[PDB]
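Novice: Spelled out from the first residue to the last, the chains are:
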Amino acid sequence: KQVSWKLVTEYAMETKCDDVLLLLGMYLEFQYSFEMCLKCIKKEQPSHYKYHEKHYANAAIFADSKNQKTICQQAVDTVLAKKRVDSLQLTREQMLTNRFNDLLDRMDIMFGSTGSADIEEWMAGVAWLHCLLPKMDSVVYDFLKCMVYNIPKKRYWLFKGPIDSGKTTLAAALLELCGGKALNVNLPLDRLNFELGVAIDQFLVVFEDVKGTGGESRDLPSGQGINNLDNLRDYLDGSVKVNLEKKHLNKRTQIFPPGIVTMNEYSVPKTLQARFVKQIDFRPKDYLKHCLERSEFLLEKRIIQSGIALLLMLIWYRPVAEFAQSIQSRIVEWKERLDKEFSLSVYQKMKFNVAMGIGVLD
Amino acid sequence: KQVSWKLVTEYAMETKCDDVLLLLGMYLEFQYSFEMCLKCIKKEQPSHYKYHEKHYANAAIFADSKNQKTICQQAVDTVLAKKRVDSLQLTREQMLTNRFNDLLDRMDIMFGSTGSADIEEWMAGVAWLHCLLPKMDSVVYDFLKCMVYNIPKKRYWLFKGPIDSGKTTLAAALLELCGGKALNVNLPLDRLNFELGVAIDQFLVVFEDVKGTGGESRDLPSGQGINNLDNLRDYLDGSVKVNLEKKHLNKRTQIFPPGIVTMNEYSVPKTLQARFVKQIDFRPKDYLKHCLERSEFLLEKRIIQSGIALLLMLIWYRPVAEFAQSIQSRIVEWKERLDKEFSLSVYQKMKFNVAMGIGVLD
Amino acid sequence: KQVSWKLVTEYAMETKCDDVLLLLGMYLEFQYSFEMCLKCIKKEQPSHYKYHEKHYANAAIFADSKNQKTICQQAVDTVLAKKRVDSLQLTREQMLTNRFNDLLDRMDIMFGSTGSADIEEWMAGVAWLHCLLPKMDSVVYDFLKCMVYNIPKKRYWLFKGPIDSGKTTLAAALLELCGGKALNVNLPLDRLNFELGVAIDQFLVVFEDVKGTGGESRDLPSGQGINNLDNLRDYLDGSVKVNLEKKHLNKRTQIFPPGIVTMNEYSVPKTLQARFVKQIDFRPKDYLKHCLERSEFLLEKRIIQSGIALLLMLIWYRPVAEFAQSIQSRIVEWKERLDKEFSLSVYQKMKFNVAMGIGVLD
Amino acid sequence: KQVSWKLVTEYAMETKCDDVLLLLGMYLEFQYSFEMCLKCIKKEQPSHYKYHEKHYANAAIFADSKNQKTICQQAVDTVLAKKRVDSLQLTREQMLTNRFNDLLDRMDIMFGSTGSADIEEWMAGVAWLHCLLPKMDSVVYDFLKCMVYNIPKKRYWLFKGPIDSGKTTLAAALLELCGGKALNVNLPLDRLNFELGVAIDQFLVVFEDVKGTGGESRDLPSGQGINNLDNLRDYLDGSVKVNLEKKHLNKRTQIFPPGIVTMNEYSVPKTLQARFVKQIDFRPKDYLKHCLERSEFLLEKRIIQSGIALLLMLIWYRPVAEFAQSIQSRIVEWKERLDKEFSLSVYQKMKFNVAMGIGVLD
Amino acid sequence: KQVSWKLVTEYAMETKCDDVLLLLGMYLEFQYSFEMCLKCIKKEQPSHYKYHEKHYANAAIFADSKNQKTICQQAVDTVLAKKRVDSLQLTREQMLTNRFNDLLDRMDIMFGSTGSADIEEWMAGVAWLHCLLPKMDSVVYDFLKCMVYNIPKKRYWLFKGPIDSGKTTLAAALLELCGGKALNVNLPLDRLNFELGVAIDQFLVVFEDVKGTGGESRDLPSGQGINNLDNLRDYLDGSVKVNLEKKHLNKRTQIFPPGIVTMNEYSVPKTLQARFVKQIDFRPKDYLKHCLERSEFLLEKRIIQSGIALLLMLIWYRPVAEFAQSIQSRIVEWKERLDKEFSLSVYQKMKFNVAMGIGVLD
Ligand SMILES: Nc1ncnc2c1ncn2[C@@H]1O[C@H](COP(=O)(O)OP(=O)(O)OP(=O)(O)O)[C@@H](O)[C@H]1O
Ligand SMILES: Nc1ncnc2c1ncn2[C@@H]1O[C@H](COP(=O)(O)OP(=O)(O)OP(=O)(O)O)[C@@H](O)[C@H]1O
Ligand SMILES: Nc1ncnc2c1ncn2[C@@H]1O[C@H](COP(=O)(O)OP(=O)(O)OP(=O)(O)O)[C@@H](O)[C@H]1O
Ligand SMILES: Nc1ncnc2c1ncn2[C@@H]1O[C@H](COP(=O)(O)OP(=O)(O)OP(=O)(O)O)[C@@H](O)[C@H]1O
Ligand SMILES: Nc1ncnc2c1ncn2[C@@H]1O[C@H](COP(=O)(O)OP(=O)(O)OP(=O)(O)O)[C@@H](O)[C@H]1O
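Protein chains in written order, with the deposited numbering: chain A, 266 to 627; chain F, 266 to 627; chain E, 266 to 627; chain B, 266 to 627; chain C, 266 to 627.
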């Protein structure tokens with residue numbers, strides 16, 4: 266019998282796989298007999314053991330085929346086609362709800378019976394994040410609500426401050442909570458066109474550590490980053506559709522997404538200042554360093570920079586009414602789990618431990 | 266049986282779709298059973314539920330096909346070919362008539378019983394816009410005339426007020442009324458070839474926020490936009506037919522379209538200044554800002570910016586005789602529908618609120 | 266039955282069509298029934314209504330086909346091959362005779378009863394053009410004879426003078442009379458290879474708006490242009506074959522065509538000036554301005570730009586015996602028609618109206 | 266009969282071969298009759314004599330085939346697909362454990378009776394290396410742990426010092442021990458995008474000899490290398506995923522791997538220094554130089570720069586319990602062999618010979 | 266019957282022909298009857314007259330075939346695959362032995378019964394070459410050893426001195442002896458990437474006449490070669506594998522080969538001077554110039570350029586025991602032939618003639 270190109274496409278759609286070689290590689294693993302499959306018996310990775318039994322008969326015939334990459338390319342095109350349909354037609358509030366449902370699905374597995382992490386350590390993460398800025402939950406609620414409402418010329422937030430201040434730490438967490446991509450505009454102007462092509466159909470972008478000019482009085486090395494941005498004003502404004510590049514494509518036309526710009530304390534033009542609706546002054550704090558020096562499980566597990574940590578913070582601090590009505594059911598269950606496995610006295614103690622510069626679990 | 270490539274091309278033309286992945290993604294939705302289709306039950310997106318039953322049989326066979334992107338590329342080529350044929354053979358009045366018809370069809374959808382907006386909020390839009398310039402209604406009709414008559418040299422309009430003065434606000438609204446593209450002449454002259462190539466077959470160009478030099482005493486930052494335009498004089502003049510580099514292909518030959526140039530108050534070289542038929546001196550108005558600070562639904566819904574708002578202004582103010590003969594059947598229904606929903610005192614009350622800087626609905 | 270590729274190729278040849286999306290677009294229009302086609306009844310476009318009845322059968326089978334763009338690419342290459350053979354094997358006098366024959370076919374269609382032009386406005390245009398330069402009729406024949414004779418390094422003419430002087434108007438008219446292309450060598454050496462890549466197999470070239478240096482005391486801005494032309498001497502001399510280049514094709518070695526250079530009062534280096542046969546010293550004339558301010562149909566209809574006005578002038582001022590013996594038959598029918606529809610006193614009145622700077626038709 | 270593409274794909278995965286021409290050439294060597302094969306009789310290369318008999322019948326039919334390169338491209342893509350699966354799903358400890366197994370398999374071949382290597386020269390290498398820096402086996406273990414844990418912003422080590430200080434020697438041995446790629450960031454910005462794309466799916470990267478500025482007071486020539494690294498800060502930080510590109514590919518998005526930077530005593534910006542967790546200052550030593558003048562075999566055989574030498578140092582110095590549990594059985598077997606063939610006093614005499622700057626084997 | 270693709274591949278293997286058009290052209294010449302081929306009867310070209318009679322029957326079916334360039338590309342990729350198997354699996358001693366075998370095969374033809382060359386004139390060349398430097402046969406042997414051992418960093422030789430000193434003459438002779446390529450790193454810093462890509466799988470690389478800066482006090486013009494070479498240090502050192510690229514291929518990772526740098530008397534950085542294991546200063550000398558004015562056959566037949574002359578020099582001067590054991594038996598037969606056809610007094614008279622600046626054969 267022949268290969269079913271449809272059954273491959275189902276696997277690609279269900280695993281949301283948009284890399285041709287990753288799809289090829291995993292579909293090849295299914296060729297071996299399911300009765301003995303060691304990865305299935307060891308339960309190693311979700312995207313194998315769920316699917317092998319359904320796909321085995323087709324994977325065996327796929328392994329003989331002469332067209333293997335042409336099958337996978339069509340299957341990957343289908344996943345990209347789905348994403349472009351969704352990006353035009355869904356409301357941004359529903360896109361965020363779709364993103365949260367995937368993050369809650371991760372949280373089920375990580376803290377599950379087949380779990381691999383401790384919820385007490387991740388809540389220690391929340392306590393460290395709440396110390397970084399005054400009214401941390403208000404800032405994160407403002408950020409979500411801004412990215413959902415997407416008001417013209419009030420679309421970008423500026424994160425400013427000296428070295429090792431936590432601006433990247435917060436940006437990276439927001440960039441996993443919301444789906445998005447990072448962009449580096451410190452490169453020269455003639456490559457900039459392909460670089461900005463990564464924003465195609467993305468919900469959020471982060472421009473990381475934009476180098477300025479006039480840094481020499483502060484010992485900061487100068488560069489063209491700030492000057493490249495001031496050539497891109499209409500990409501920031503979002504009033505008009507802009508023609509985004511891609512390799513092996515024509516220009517493709519859309520509103521370029523909202524985002525975060527991070528920089529050191531350079532000067533900024535008035536023309537560029539008119540685009541940023543909000544500015545966050547990140548401060549180095551000596552006591553926050555002394556905590557991490559004793560509590561390194563946070564960084565080895567990448568806790569304080571993951572989007573799962575901010576979702577746990579929103580589950581703790583915000584009312585249920587500010588989640589969209591469909592996900593309120595799952596959010597309520599998670600509030601009951603955090604009320605079960607902690608107390609307010611432990612959480613108040615954890616914040617005190619961080620502020621004292623001792624170990625959070627002390 | 267085989268896929269009908271003809272039926273796919275009918276959907277592509279009926280939905281005016283010229284992106285290959287978008288056509289692919291939407292056509293795959295039709296493979297599911299029509300009797301259960303939740304998107305049809307919700308009547309959510311027009312270009313789904315009008316078509317599913319007509320195309321369902323062909324989508325079941327397309328789902329098994331091994332040629333999916335090959336089919337859709339030819340369907341997209343057919344839509345692109347129609348647009349080129351039109352661009353050579355239609356008169357500019359027919360093009361603008363076909364453009365107004367498309368807008369009017371969207372007005373029927375937005376303000377219907379399946380509607381999503383209130384026509385008062387958009388007539389509030391007309392009241393806000395009419396304050397921005399003296400006699401806005403007549404400046405629009407002069408711009409429309411100029412783009413239809415396309416007289417050599419007498420082709421471009423210059424918008425050159427100070428910062429944050431509404432030049433983008435009017436430019437984006439005129440851009441959607443007529444159809445066109447924004448172009449980035451501030452990017453590098455060795456790739457500007459592939460930027461101007463976006464103007465192939467288009468009706469308007471807007472050259473967004475052209476940077477000059479010599480404004481630095483007034484804090485205006487330097488850039489090369491003005492020097493690039495002063496190299497493109499034959500493109501602006503529109504006497505001769507110029508050569509446009511369509512990406513990955515050899516050049517097209519055509520008259521580069523008319524359009525709007527937006528800039529801050531830099532100096533313009535005398536050689537370039539002659540290319541502009543008329544100039545608009547925008548300014549900040551503090552009362553107009555405070556009106557928006559209260560009437561926030563105007564910004565959130567993009568009401569002050571969409572071409573539907575200028576068309577409602579044209580429907581309200583101008584004599585029916587200024588519109589081409591085939592749309593006069595539609596305009597007069599909308600004139601009756603506008604006089605039905607509004608009194609003149611209410612509209613004067615809107616404009617009075619704008620001049621006082623209070624909310625337009627107050 | 267099956268698609269016949271010969272029939273598509275014949276349509277492309279007869280319409281002299283060399284763009285693939287344009288050929289695809291028009292041939293698709295023939296798929297509908299001939300008995301009721303509005304386009305065939307309205308007589309809108311010649312290249313439709315002449316051809317639908319012949320091709321209906323093939324266009325119906327073409328709409329079912331899966332190789333549509335493959336057929337059109339071979340058909341366009343047949344038209345491109347024909348231009349290659351002609352430009353290698355014809356004499357330049359026969360090339361110009363072929364070009365005049367094509368323009369007379371337009372004149373038949375324009376002034377025949379299905380057209381829309383008024384010949385009184387075109388002969389007013391002839392009267393207006395003759396005032397732009399002294400002895401204009403001699404100059405056109407001197408330019409034409411130069412392009413037919415093509416003596417080495419005596420191949421280019423220089424159009425020079427103040428801004429707003431009609432040099433582009435006359436150059437664009439002379440271009441349409443001859444054929445040819447415009448090139449903008451103010452675009453950078455970073456891309457200049459593909460710019461001169463437009464001159465392949467052309468009869469005439471216009472280098473538009475060439476920027477010099479050292480014009481600041483005359484308020485002229487500087488640029489690269491004159492240094493690019495003075496780097497391109499091997500192209501302007503035309504003694505030897507030069508390796509012209511266009512993307513996704515090999516270089517083709519040929520003699521680069523002769524042409525017109527348009528510039529303001531920049532300095533021209535002594536090495537470059539030795540490439541020009543003669544210069545024309547344009548300057549503004551006040552009466553020509555006040556004439557166009559009133560005879561405004563000239564600019565709107567582009568009458569002073571079109572080569573049809575220059576050809577109607579050559580019909581008026583030159584002997585029959587300057588034209589080739591194959592075309593003299595048509596020329597005498599047109600010469601009779603201009604006497605039958607005018608008089609000498611009417612033409613004298615038109616020129617005097619231009620000299621008075623009033624409306625030409627008065 | 267016909268070619269089995271499955272048998273080629275087995276050989277490609279067996280030999281872990283990812284160059285298409287290399288695979289093609291080696292598989293063609295199997296076409297000749299096995300009964301007489303000179304390379305098999307001579308045992309010259311494992312990847313031949315192990316595999317010829319299994320593959321011969323398929324190679325005989327493959328040698329007739331008209332599609333040979335297409336077959337080999339599918340076989341190579343299957344091997345890149347495997348690596349793409351491993352890099353996303355394995356732990357970094359498993360990756361290193363797998364890599365050590367590959368090196369231990371080479372040691373069995375090198376020091377078998379079929380192999381050419383002499384263990385005394387390779388242990389002479391270990392003695393020399395342990396003199397280059399204090400506590401070398403602690404430094405190596407610390408580095409290996411740092412690469413496994415991959416802690417954000419604590420990922421890169423800086424090797425600094427004079428000319429001929431041994432920093433390249435030690436980096437090359439580490440780079441073989443845990444497989445990675447060397448990158449040249451001294452070339453201009455416009456080629457960096459392709460060059461940085463070599464890091465896709467690699468465990469480790471080394472930036473060799475990055476040129477700075479301000480060296481001229483110390484005879485060191487300036488370059489842009491340090492400025493380029495100061496633009497790439499987010500690649501060094503590794504907090505967020507960056508967009509990496511090959512030629513003729515779309516981008517791959519991943520965390521850019523940990524690494525080593527080697528440089529001479531140019532100044533480092535304070536923004537860049539914060540990315541480096543540990544700096545090693547190398548120094549020239551006369552006894553090491555004079556020793557290498559006498560034990561020339563070390564340099565001819567490339568012993569001091571090979572990862573096998575560092576693995577031998579780890580086997581001799583580190584406890585078994587520091588190695589991963591699944592290879593402790595192999596390490597114990599090698600520890601027994603080393604104590605069987607060396608005393609400590611032989612090795613202490615080797616180190617004394619090195620400190621004396623006489624020949625290691627004296 | 267059909268084309269045997271295997272027989273075309275055999276011919277490509279036996280002629281080492283790795284150009285697609287050359288293979289196509291030569292194989293097409295076999296289609297004519299071999300009974301009366303004049304190139305065969307005149308024995309004009311070995312790659313023809315040896316092979317025509319075997320391939321005639323296949324060339325007749327090849328001449329009718331429609332896939333001719335597809336057959337040739339597979340045949341050429343088979344030769345390229347053989348080279349890449351060899352460059353990894355052979356020892357560098359075998360590579361040089363294989364190269365010397367190929368030169369000896371030419372020499373037997375050149376000096377055979379169909380020989381166009383005269384061994385007297387070529388040994389006149391050996392006499393001239395041995396005068397260019399002291400102890401030339403030891404310089405040559407020291408070079409060969411250095412290339413065969415390829416010791417890290419001790420890899421490159423520098424040829425330095427005034428114009429017309431013979432440094433290119435010796436580099437070209439050593440390049441034809443070993444095989445390899447010449448690279449011009451004076452070309453711009455971006456084209457440099459594909460220029461260096463020519464080194465893939467090569468044995469030698471020769472960098473020709475690299476420009477320094479700061480020589481205008483001694484009439485030597487500035488350039489960028491020495492600044493570029495100081496950026497390529499990791500390629501010269503050969504400690505690490507480096508990334509090499511060809512157009513429309515991704516990078517090949519290998520140790521960049523050893524060889525020779527030729528330069529006039531510019532100053533060299535300490536950083537680059539540390540890479541060179543030996544420097545030769547060449548001085549212009551009058552007697553060699555006056556000899557060549559009378560010994561003109563040397564330049565015309567390119568005798569002093571040729572690796573055949575250096576091999577003849579090694580056969581004359583060096584012991585047999587220095588050559589590899591498999592080639593030694595051919596070396597003995599060539600030593601006998603030189604002692605037969607030259608006495609010592611003939612050769613010593615030639616060296617006296619060179620010193621006298623008279624004709625070598627005088
Ligand atoms: N506010 C803070 N005060 C002190 N230490 C901090 C703070 N925030 C983060 N850190 C420490 O500094 C490390 C780096 O933080 P991070 O990269 O987020 O800073 P950044 O200010 O965004 O840096 P950069 O300017 O280099 O982009 C963290 O891993 C943590 O150990
Ligand atoms: N005439 C005006 N007076 C005051 N505020 C204005 C005016 N026009 C627009 N606004 C406010 O300024 C915001 C930005 O308007 P807009 O982008 O059109 O200005 P611009 O002058 O074109 O900007 P830029 O200087 O950035 O090119 C609007 O969203 C509105 O809030
Ligand atoms: N000789 C003239 N005297 C006065 N007005 C003129 C003259 N020639 C042209 N014009 C006016 O100037 C407009 C522009 O003409 P055109 O583009 O041919 O001028 P040009 O001198 O070639 O231009 P440029 O200075 O940009 O090279 C015309 O449409 C007409 O209205
Ligand atoms: N510590 C040392 N002391 C003396 N000589 C050394 C030392 N280390 C290496 N060498 C010698 O110098 C040669 C080059 O070593 P290597 O290339 O590793 O040095 P490096 O300091 O990294 O060089 P560079 O500054 O040129 O990049 C070695 O082959 C060895 O002969
Ligand atoms: N040692 C020498 N003394 C004088 N003339 C020489 C010497 N060697 C070669 N010649 C003459 O100089 C000519 C050029 O030699 P060659 O090109 O090898 O010199 P070069 O020093 O490498 O030159 P350049 O500096 O131009 O690269 C030879 O063909 C020969 O005629």
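No wet-lab data here; the hints were simulated from the structure. Some clues are possibly wrong.
[To be verified] Quick list of in silico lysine-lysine cross-link-like pairs, DSBU-like style, CA-CA up to 35 angstroms: (1) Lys-535/F - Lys-418/A; (2) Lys-266/A - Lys-347/A; (3) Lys-281/E - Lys-348/F.
Novice: Regarding the pair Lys-266/A and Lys-347/A, is the alpha-carbon distance no greater than 35 angstroms?
Specialist: Distance ~29 angstroms between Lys-266/A and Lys-347/A Cα, so the pair holds.
Novice: Would the hint linking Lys-281/E and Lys-348/F be met if the CA-CA limit is 35 angstroms?
Specialist: Judged against 35 angstroms, a Cα distance of about 20 angstroms means the pair holds.
Novice: Starting from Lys-535/F, check that the Cα of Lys-418/A is at most 35 angstroms away, please.
Specialist: 33 angstroms, holds
The earlier numbered hints are all upheld by this structure, with none contradicted.
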